[PDB]
Amino acid sequence: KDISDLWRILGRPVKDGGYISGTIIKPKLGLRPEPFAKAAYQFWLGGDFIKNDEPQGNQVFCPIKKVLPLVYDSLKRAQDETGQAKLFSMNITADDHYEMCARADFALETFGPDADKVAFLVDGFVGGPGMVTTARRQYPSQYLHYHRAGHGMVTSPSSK
Amino acid sequence: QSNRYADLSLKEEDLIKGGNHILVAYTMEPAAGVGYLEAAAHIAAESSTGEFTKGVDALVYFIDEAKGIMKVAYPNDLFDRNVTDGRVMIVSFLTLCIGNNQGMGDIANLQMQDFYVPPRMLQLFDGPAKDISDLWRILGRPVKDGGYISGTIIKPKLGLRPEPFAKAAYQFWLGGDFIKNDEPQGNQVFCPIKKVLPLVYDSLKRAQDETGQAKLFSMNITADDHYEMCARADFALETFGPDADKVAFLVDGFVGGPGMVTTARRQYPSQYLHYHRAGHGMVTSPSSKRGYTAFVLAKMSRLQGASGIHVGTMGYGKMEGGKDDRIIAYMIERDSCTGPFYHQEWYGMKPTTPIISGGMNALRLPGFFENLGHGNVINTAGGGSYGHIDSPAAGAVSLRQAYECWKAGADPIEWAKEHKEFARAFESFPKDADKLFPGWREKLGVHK
Amino acid sequence: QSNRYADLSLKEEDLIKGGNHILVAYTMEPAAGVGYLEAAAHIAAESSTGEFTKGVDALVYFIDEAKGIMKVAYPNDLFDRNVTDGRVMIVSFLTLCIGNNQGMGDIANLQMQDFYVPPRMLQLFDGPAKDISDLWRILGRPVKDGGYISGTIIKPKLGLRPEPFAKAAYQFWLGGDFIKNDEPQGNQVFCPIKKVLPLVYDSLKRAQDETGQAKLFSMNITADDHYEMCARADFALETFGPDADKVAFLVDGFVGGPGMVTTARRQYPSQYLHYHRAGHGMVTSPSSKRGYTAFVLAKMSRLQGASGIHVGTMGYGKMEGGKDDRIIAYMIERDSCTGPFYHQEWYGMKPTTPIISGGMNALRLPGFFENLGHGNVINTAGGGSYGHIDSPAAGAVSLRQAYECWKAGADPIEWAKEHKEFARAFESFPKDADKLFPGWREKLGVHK
Ligand SMILES: [Mg+2]
Ligand SMILES: [Mg+2]
Ligand SMILES: [Mg+2]
Ligand SMILES: [Mg+2]
Ligand SMILES: [Mg+2]
Ligand SMILES: [Mg+2]
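Protein chains in written order, with the deposited numbering: chain B, 141 to 300; chain A, 3 to 52, 62 to 459; chain A', 3 to 52, 62 to 459. A prime marks a further copy of an entry chain.
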C-alpha cells in the first residue's frame, strides 16, 4: 500500500494527490477513552489523518476495547457531518506476534465498513524487522505506518 | 411494481456522478404475454428488496423494448460486507444482480452485458496484488511495456507421468518463458504432485542455468477444500525455494467459484494469480442469452484480484471469439476504459493480464498484435509451440520473433530471411502460411 | 480423433459393472458443417487427454445423432485427488466434464443431463454429514418419515433493520418451524450480523418457551473469503449457545462455487448445510442447451455434502419447473434411484433434503404432495405464510394442516371445516381456491 491508496479514499487524484493533513492527539499519553475520542472528532472536522502516539496502546487508563469503539464513533460522526472520508492510524506494536494480530483484528472488526481507513502503526526501529513484517505480511491490505522512535541512537549527526 | 422499482426519468449521468449505485446493463426478453417494463421492474424487485426498505430498492432507470435492453441501479448498501475487514464480495454482486433473476418464470432470458462500479465500491474490492510487470521484472525486461511472454501447456495435456512431464518442461524452457498446468491436472494418481513438482523445479533450474534467463511456472492449486489449496501452494513454494517468486498459482475460477480465487488472492497475494476460465462458455457463448458475457467475467476477475485471466484469441485462432474482444483486454489492463455500456475509471487499481490461448502460432501473431495494439500479454500457445517442425523450444522462439517482427514494423517474409525459427514456422503451418502470406515459398526459397 | 476417443461398440452394462469409469450423458449439437461423431470425439479429447496416456482417455461409447445425445466414459484416474486425504473433488468433475468443452468452436451446444458415479468414486466423496432426520429429531418428530417442516423467508427479503427483522422471526416461529435468510442478506450496513443475530436468537428462545416447541434458523454464511465464512459461522454458534445445534448454514452454492460449500461441509459438518441454488437458472433453464440441468446440479450437491438443496415447486408454483422434477427429489433422497439416463446406487450415503420454495400455499400443497408421494421436505413458503389473511403464524399452521390433511387422505373442504387456519387460507388465496376447489364458498359458508 502507498499514499495513492489514501488519496483514493479521500477522493483526491491518485497521482499527485498532494498534502494529507494530520496530527497526534495531545496529551500524547494520559487521556481517558472519552476525552481521547472527543479530541479525535474535533480534529477530524477539519483534518484527514490521526495517529496514535508511538507508545499509546492498551494502558490500563485507556484500554483498547474501550477507546477504539469510541474513536470509530468519532470518525463516523465526522465523516457524516463533513461528507469527507477520514483516516486513523492505530499502534499495534507488541512483543508477541499474536498480540499484534489481536489488536489488528479487533481494529478492523470495530471499524467495519470503514476498516480500509485504518492504518497500522508499528514502532519499527525499536520493534525490529519482525514486527514490521508481521503487519506487512498478515495485513498487507492495511496501510503500514513505520514510526522510527529510537532511531536517533545511531542516526544522529553526532553518531559514527 | 413498476411504480416502485422503476424510474425511467433518472439520468444515468447523475447516477454515475452520485457514486451511490452499482449500475448494471442487461439484455432481456420477457416471457410470452409479459410486458417489458413489468418484467424489468419485477427483475429489479427480485434482485433487491422483493419505509426504510425503499431507500435500498434496485431501480430500473432505462429500457429499450425494441433492442431488448434494460439498465438497473443497485444502491451500494445492498451488497454484503465482510465482518472481518469491511470489504465487499463479488459473490454478493452475483447473488443480487444475476442470481434468482435467472430462474424467473415471467422472464424468457436475461444476461449481464456490462456494469459500473463507483469509487467507494472500487475502494472496497481486493483488486490484484501482482501483475505482468512483476513477471517482466523477473525476466529482466522493462516493467513498462515489457511485451510478449512466450508460454505453453505441456502436451498431452493430461496423462504424462512425472519424469516425462518434467523433461518436456525443460525442453520448452530452453526457448520459452512460461509453462502452466492444464486446467484439470493436479494430483492424479498417475502423476502425483509430490513426485512431479520437484522434477519440474529441477527442469526450471537446469533451463535457467543453461540459458541464463529466468523461467516461470504456473501451478494448478484448484481444489474444493480451502486447506487442500493451501497445502498445494505451501508445498510448491517450499519446493521452488529460492525461485519460489517465479511460481504462479492457477485457479479454475469459473467452475471453482469466487471462494477459490479469493483463497489464492488473500492467502498468497505475493504469488501471481492465474485465472483459468474453463467452463465459462456455458453462459458467455455468443449463442447464450443468459448469465453474463466474457467481458463481464473478465472485469469481475480484476476486482476479485486475478493477476491475469484467459481472454481467448479474439478471432485469430479457434474457439468462440472475435476481433472486438480486444475491448475485454482494454478494460482489464487500462486505468481508464469504456465498456459496451459504461465508462470505467480504475483509480490506479493494478491491471489484470490478458492471457492468450487457443490456436495461435508465429504466423498469426502479427495480425493479433496489430488488432490489439500491443503485445503486453502472456501467450500459452500449445499448438504454436509443439506444432513447430523443429522443436517446442524453436516454436517458442518463433513466437517471440513474431512479436519482435511486429514491434519493429518489419515485413514477416523478410524478417524470416534473418530469423530461422520464424522462417521454419512457415513450413510448420503451411495452410496458415498460404492464407496469410501467399507466395512465401518462392520468396523464402522453400520447396513447392 | 474418432478412432482413439470413441468406441461405440462398448456395452454400457460392462462400463457400469466394471466400476472404473464415471459415465456422463449429454445433449449435443455440432457446429455447422461438423460431423456428429467427430464433434463427440473432439469433446472427449478436450475433456481428457487432448503409450500410458491412452489408458486414461475419455471415450465416447454412444451417440444418437437423430436425438442429439452422446455418452462419454471417463476413467476414474482422470479426476483430481486431495494430497491431504485422497478424497475426490467436484471441481475436478466440473473442469473435465463440463469445462473447456463449453467453449469449443465446432460445438453449437453441449449440456450434461445425467452422470453415473461408480462405487469407488462414491466412497471418496464427502457426502452429507447431516440430513432432515436431524431436524425431525430436534422437532420431536419421527426420525423416519417425520414429514413436513414449515418454513419461510422474512418479508421484505432485504431492507429490514435488526429489531424489525427479529420481531418478524418471533411472530412466524409462533406457528412455524423454520426461518432462513434470503440468499443475499448477510452483513449489510443497515442490518449488521452482530446486531441482528443476537436479536434473532432472543426471538427463537421466546418462541420456544411460549410454544414449547423447538425452532430452526438457517443463516447465510456465504462469502468470498473462507475466513469470513468461518467468522460468521463461529459467531452464530456462540450466539445461539445451548441452541446452536438448531442453526443451519445457508450457502449460495451455485454462484459461490464448490469452495464455499466445502468450507461449510468440512469446517462445520455438525451443522445442517443448506444449499441455495440462486443463479442456477443461467444454465438449468428449460430454454438452455448449455452447462447442466437442475437434476445434475442437485445430484452433485449430495456428493458435495449438502444436507438439503432447493429443487423448486415442480410446476405447482411459479418460476421454471414441472411435475417431472419429482425425480430430482427422488435421486437426492433415496438410496436407489434411476435418473434420466443412469441408475444410481448410493450405498448408504445420507440423503439431501429437497427444499421447496417459490409460490406454494396451503391450497396447492395437497396436489404437490400427491405428485411427490410424500411430504418429507422443508418448505420455505414466503407467500404461503405472509399471504395468509390472519397472520404469518396462521399461514405456517395452514401449511402444516394441509400436510396433515393430505397424509390423512382427507377431503380439503371438509378438513377446512375443522381447521380454522386451513379454512382461512381459502379466503387468503381465492383465485387458487376457485381453481382447485370450485364451490368452496358455498360449502364452507363463506361470503360470495
Ligand atoms: Mg510522538
Ligand atoms: Mg555519521
Ligand atoms: Mg487446457
Ligand atoms: Mg448474449
Ligand atoms: Mg430468496
Ligand atoms: Mg436443456
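In short, the hints are calculated from the structure, not lab data. C-beta atoms are modelled at their ideal positions from N, C-alpha and C, and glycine is treated no differently. Treat the hints with care, since some could be wrong.
As the list claims (entries may be wrong) - Distance condition first, Cα-Cα at most 20 Å in a straight line; then the derived PhoX-like pairs of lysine-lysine:
id, chain 1, residue 1, chain 2, residue 2
1, A', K300, B, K205
2, A', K206, B, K216
3, A, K155, A, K178
4, A', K300, B, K206
5, A, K205, A, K178
6, A, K155, B, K155
7, A, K300, A', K206
Claimed, not checked - Computed from the model, here is a short list of chain A' residues facing chain A with C-beta under 8 Å:
id, residue
8, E76
9, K166
10, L248
Verification of the hints:
no. : hint             : verdict
1   : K300/A' x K205/B : violated (56 Å)
2   : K206/A' x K216/B : holds (17 Å)
3   : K155/A x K178/A  : violated (33 Å)
4   : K300/A' x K206/B : violated (59 Å)
5   : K205/A x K178/A  : holds (16 Å)
6   : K155/A x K155/B  : holds (17 Å)
7   : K300/A x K206/A' : violated (41 Å)
8   : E76              : violated (20 Å)
9   : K166             : holds (7 Å)
10  : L248             : violated (14 Å)
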